[PDB]
Structures are given as C-alpha cells and as structure tokens.
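Asker: Listed here are the chains, written in short residue letters.
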Amino acid sequence: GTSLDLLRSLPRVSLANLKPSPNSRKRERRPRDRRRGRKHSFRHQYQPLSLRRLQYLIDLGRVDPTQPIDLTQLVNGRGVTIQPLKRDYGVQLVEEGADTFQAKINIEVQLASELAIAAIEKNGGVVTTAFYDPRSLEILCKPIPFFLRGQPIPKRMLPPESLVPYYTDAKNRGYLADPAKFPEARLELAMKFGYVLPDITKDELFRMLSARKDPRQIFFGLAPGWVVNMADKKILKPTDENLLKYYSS
Amino acid sequence: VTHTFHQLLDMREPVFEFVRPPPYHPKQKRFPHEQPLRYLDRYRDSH
Amino acid sequence: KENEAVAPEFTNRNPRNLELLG
Amino acid sequence: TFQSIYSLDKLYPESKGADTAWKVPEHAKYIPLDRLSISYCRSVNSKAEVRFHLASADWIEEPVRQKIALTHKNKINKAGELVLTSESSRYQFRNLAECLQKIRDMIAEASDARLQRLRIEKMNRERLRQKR
Amino acid sequence: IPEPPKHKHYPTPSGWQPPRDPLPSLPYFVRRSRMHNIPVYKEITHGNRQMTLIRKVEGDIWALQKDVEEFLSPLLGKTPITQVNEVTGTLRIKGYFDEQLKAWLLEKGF
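Chains as they are written, first to last, in the entry's author numbering: chain M, 9 to 47, 86 to 295; chain 6, 327 to 373; chain P, 39 to 60; chain p, 38 to 66, 71 to 84, 95 to 162, 172 to 192; chain g, 57 to 166.
There could be a bad hint or two in this list.
As the list claims (entries may be wrong) - Below, a sample of chain p positions facing chain M; criterion: calculated Cβ distance under 7 Å:
(1) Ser41
(2) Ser52
(3) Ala58
(4) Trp59
(5) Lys60
(6) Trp110
(7) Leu121
(8) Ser140
(9) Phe144
(10) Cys150
Just so you know, the hints here were simulated from the structure itself, not pulled from any lab data.
Even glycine gets a Cβ: it sits at the ideal position worked out from N, Cα and C.
Build out the structure end to end from the sequences listed, making use of the hints.
Answerer: Next up, the structure:
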C-alpha cells in the first residue's frame with residue numbers, strides 16, 4: 009500500500025487544515041449586491095417470503111435448521127420487515143424459487159400455497175397455518191416491551207368468519223382443520239405429484255416436528271395466561287382457580 | 327436393397343426422413359414485474 | 039469402411055419424388 | 038402440554054387419537074412410477100421427458116397397449132417407447148406432474173381406400189410395364 | 057450476523073459459494089461484503105444510464121481496471137466506457153454487466 013507510505017512522510021495535520029470535500033457545498037445567492045438586487087384495510091396485507099428467499103436463509107444458517115421455522119425466528123433473523131404502523135395482517139410465500147429450494151423442515155405460515163405445501167412435503171417438511179391476531183402478532187414480534195408494561199400472556203385469538211373457511215379447510219392445513227382428514231389429505235397430495243409419501247412418524251424428530259400448540263396458546267413454549275419473571279429470567283404460572291375461569295371465559 | 331448395402335457394398339443401410347425443426351420454447355421473464363395471475367394464466371399452459 | 043460414409047440428410051432431386059410420394 | 042376447550046382432542050371428539058393427524062392411509066389404486078423413466082433437461096423451465104416401452108410394459112393390459120400405440124403412434128420412438136414431454140412451467144415437479152397426468156388419461160381413454177389405391181398403382185405399373 | 061456454516065459440497069444448492077481458496081495473488085484484492093457476497097451493485101442514473109459499481113476493491117485499482125477493460129471489451133464488443141473514482145476506490149461502468157463480471161470474478165478466485 010503505497011498510500012500508507014505517503015501518510016507516514018506527511019507532517020501532522022491540524023484543525024485549520026480541514027477543508028470541505030470537492031463539490032460538497034453548492035453556491036448560495038444573497039441580496040448583498042446587484043446579483044440578487046432588483047429581482086383494503088379489512089383485506090389482510092399479506093407479506094410473502096419467497097422459496098428462493100427461504101433457501102438462502104437455510105444455506106447461510108440464519109435460521110437454525112434443527113429448530114422448526116417460526117415467524118418470530120424470522121423476525122429475530124431479520125428475514126422480513128414488518129411495521130405495526132403498516133398494520134400488516136398476513137404472511138404468505140412467493141411462487142418463485144420452487145426449483146432452487148431443495149430442503150425439508152417443519153414450518154408454520156399464516157398462509158401457504160397449495161402447490162408449495164406439496165413440494166416441501168415431498169422433500170419431507172411439515173407445513174401448517176396458524177392465526178395470529180394483528181395486535182397479538184405485533185406483541186409476538188416484540189415480546190420484551192409488553193413485559194416492561196407488565197401485561198400477561200393472553201389467549202390467542204381466532205379468525206373472523208370471513209377467514210374461518212380458509213383455516214378450517216383441510217387442504218389449507220389450518221389448525222382449525224379436521225385431523226382425521228390429514229392422513230387422507232397427505233396421501234392425496236403425494237398422489238397429485240406422485241411422489242412416494244414419506245411418513246412423518248418414520249422421522250426420528252417426528253414428535254418435535256409434529257408438535258403443535260393449542261389454538262388458544264400463542265406460544266408453544268408458554269401456555270396462554272402465563273407470566274414471565276423477566277427480572278429473574280424465569281416463567282411464572284398463575285395459581286388462582288378464578289384465573290382459570292377467566293381463561294376459560 | 328438391404329442385401330446390396332450389406333453383402334457387397336459392405337455398409338449400414340442408409341435411412342433418411344424429413345428433419346423437423348427444433349422445438350420452440352417461450353422465454354418467460356425471470357421477474358414478472360406488475361404481472362398478475364390472470365394475465366400469466368393465459369400465457370402459461372394452465373388456463 | 040468407405041461405403042459407410044453417408045451424409046446426415048439425403049439429396050433427392052427427382053421432380054416427381056414428392057409428387058409420387060404424395 | 039397445555040390444553041383448553043379449543044384443543045384438537047376436544048374440538049374433534051371423534052379424532053381424539055394422538056396420531057389422528059399423523060397417520061398414513063393404506064395403499065390404494071395408477072401408473073407404476075418405477076417402470077417409468079424420467080429425464081430432466083433444463084431448457095427457466097425444466098424440460099421433463101417421461102418415456103416407457105409401450106409394448107413391453109405389462110402393467111398396461113394388452114388391448115389398451117395396441118389402442119394407445121395406434122392412437123399415439125406419432126409419440127412412439129423407433130425403439131417403440133412412448134415419449135411425452137412437458138416444458139410449460141417453471142416448476143420441475145409440475146412438468147413431471149403434467150407428464151404423469153397425460154399418461155393416466157391415455158390409459159383411461161384407450162381402455172381402406174389407401175390400400176386399394178396402393179393395389180391400383182401397383183396394378184397400373186404392371187400394365188404400364190408392357191414393353192417386351 | 058453469524059458466519060456462514062460449513063457445507064459438505066460447494067457450490068451451495070442455492071448457488072452461494074465462499075471465496076475460492078487459494079486466494080489470487082493479484083495486486084488488487086476484492087473483499088466480500090459483510091454478508092459474504094460479491095460487492096457488485098447494478099445502478100441506474102438519469103433513468104437511462106445503466107451502471108454497475110464495484111466498491112470493495114483493495115490494492116491497485118488501475119490493475120483491476122486494465123483487466124476489467126480487457127475482459128469486457130470482447131463481450132461488450134468495444135472498450136467499455138468507465139470513470140474511475142480513485143478517492144472513493146470505486147469504478148463505474150456504463151451498462152449492466154454484473155452477471156459476466158460476477159462469474160469472471162469467481163474465475164479469478166475471489
């Protein structure tokens with residue numbers, strides 16, 4: 009680096025030596041002389095994640111492959127930008143990147159493409175859709191702030207009747223779908239592509255992959271109505287029977 | 327003719343037919359900017 | 039074998055080859 | 038595991054089993074994939100070719116094989132294999148899925173003056189062949 | 057951001073490949089971005105001038121320009137029109153040629 013050789017020879021610089029960069033400041037006009045003398087909200091704002099965008103995150107290890115894909119982990123990994131002021135209500139995927147995304151992993155997305163569901167299932171991944179209230183989702187993305195407020199974990203909300211058919215639909219793989227149809231449905235999807243269906247039970251981590259939280263339960267780790275000892279880095283569970291009635295209500 | 331080509335001409339029988347042109351493939355755009363599904367539906371096979 | 043050497047496409051110049059073939 | 042009135046077992050009393058969602062149904066119906078040979082050419096759309104030997108294939112019943120061969124002779128290679136390809140989508144599985152579906156349709160759907177003229181022209185040649 | 061995990065086989069199925077080893081001994085070294093990506097950005101100005109910019113160039117920029125000019129002259133069909141900002145250590149090239157340069161950069165071993 010011959011540039012460094014120039015620096016060593018040069019004498020110490022001073023405050024007065026400072027000079028503005030070339031073209032940094034344009035000229036200004038002042039009247040001192042003659043120069044200037046004389047003279086849609088209801089529809090969910092679904093935010094998609096592309097399969098190609100999905101693949102690189104796994105490739106870079108931005109999201110742990112062992113851990114099932116979780117929207118919060120994507121937020122923790124800065125995968126997508128969500129603004130509560132934008133009032134984003136939905137999450138989905140981009141059809142692009144189907145043939146550049148060869149991977150299998152458990153994942154839950156508010157919205158999943160029917161074609162995409164089979165492809166990841168063909169690879170061996172597990173896909174389902176869960177409903178997070180826009181207010182609850184904003185709380186979900188930022189857990190620490192409501193702990194500072196002192197708010198306790200509330201029960202997860204349910205979709206409006208307009209979106210109930212989607213979640214209840216078996217093909218949509220919503221948590222409101224009938225589990226009895228899932229075995230039949232999974233076989234049907236395999237036949238559609240024709241690939242040999244790999245049973246999830248065969249997987250060693252089947253229980254981890256297939257684990258699902260209650261519809262009322264916002265967090266798989268934390269049951270609804272729970273409290274967290276943020277100061278003590280611990281979890282606090284209510285012991286009042288009336289609180290259980292409150293949760294039941 | 328097979329006898330002539332093989333016995334004395336000592337060569338494989340020549341077989342010819344009209345040569346068809348290479349298949350025509352549409353060139354889809356990598357990023358369909360401002361492209362809906364209804365418009366793409368007509369262009370794509372599914373419709 | 040020299041005889042085996044043959045062009046990829048035939049060269050038929052008979053005017054009625056297509057007409058006779060249909 | 039936390040449970041509530043909205044838990045899967047309570048929501049669907051009939052499917053209270055743990056594996057009611059994780060089960061696999063038995064084997065039903071259907072082209073044998075093992076028999077088929079699939080080759081993918083990346084023309095982006097991944098061109099997919101599915102080719103099988105129509106006559107030798109035993110899963111197809113013989114009457115269907117003959118009808119398929121006559122109907123789609125143009126799609127049979129000189130080796131006798133039935134070749135069909137799909138390059139109409141950006142998804143490789145879609146091309147495979149399209150190829151498989153066409154095969155299924157062919158199985159289900161399958162399940172003269174020219175000769176006289178050839179005699180006439182041959183007969184004409186013999187009569188035309190008269191300079192003795 | 058964590059460093060990329062080691063992969064058994066490169067290039068990665070997506071297409072990502074870490075910098076080639078051994079690194080080239082050329083006078084100019086091009087470092088990867090903090091995301092471990094090639095520091096090439098497609099830029100358009102005035103709505104009609106397509107441009108590509110290389111920023112993280114270390115060493116002799118002139119040597120890189122000579123090689124870049126030689127590489128792009130056949131593909132472009134003539135000597136590329138470029139402006140060198142030595143103060144910022146950046147090179148600006150008219151037209152979009154990131155794909156060819158990115159592949160060419162891989163050949164250099166960066």
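Asker: None of the hints should be skipped; say for each whether it holds.
Answerer: Hint check:
1. The closest approach between the C-beta of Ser41 (chain p) and any C-beta of chain M is roughly 5 Å, which is under the 7 Å cut-off, so the hint is satisfied.
2. Satisfaction of the interface hint for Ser52 (chain p) is found here, the shortest Cβ-Cβ separation to chain M being roughly 4 Å, below the 7 Å cut-off.
3. Interface restraint check for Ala58 (chain p): the shortest CB-CB distance to chain M comes to about 3 Å, inside 7 Å, so the restraint holds.
4. The criterion of a C-beta within 7 Å of any C-beta in chain M is met by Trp59 (chain p), whose closest approach is roughly 6 Å, and the hint holds.
5. Because the smallest distance between the Cβ of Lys60 (chain p) and any Cβ of chain M comes to about 4 Å, under 7 Å, the interface hint for this residue holds.
6. The restraint placing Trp110 (chain p) at the interface with chain M is violated, with a minimum CB-CB distance near 15 Å, outside the 7 Å limit.
7. Interface restraint check: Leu121 (chain p) against chain M, minimum CB-CB distance 27 Å, threshold 7 Å, status violated.
8. For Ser140 (chain p), the suggested interface contact is broken, since its CB lies about 9 Å from the closest CB of chain M, more than 7 Å.
9. A hinted interface residue such as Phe144 (chain p) counts as satisfied when its beta carbon comes closer than 7 Å to some beta carbon of chain M; here the least separation is about 5 Å, so the hint holds.
10. Violation of the interface hint for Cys150 (chain p) is found here, the shortest Cβ-Cβ separation to chain M being roughly 9 Å, above the 7 Å cut-off.
In the structure shown, a violation is registered for the earlier hints numbered 6, 7, 8, 10, in ascending order.
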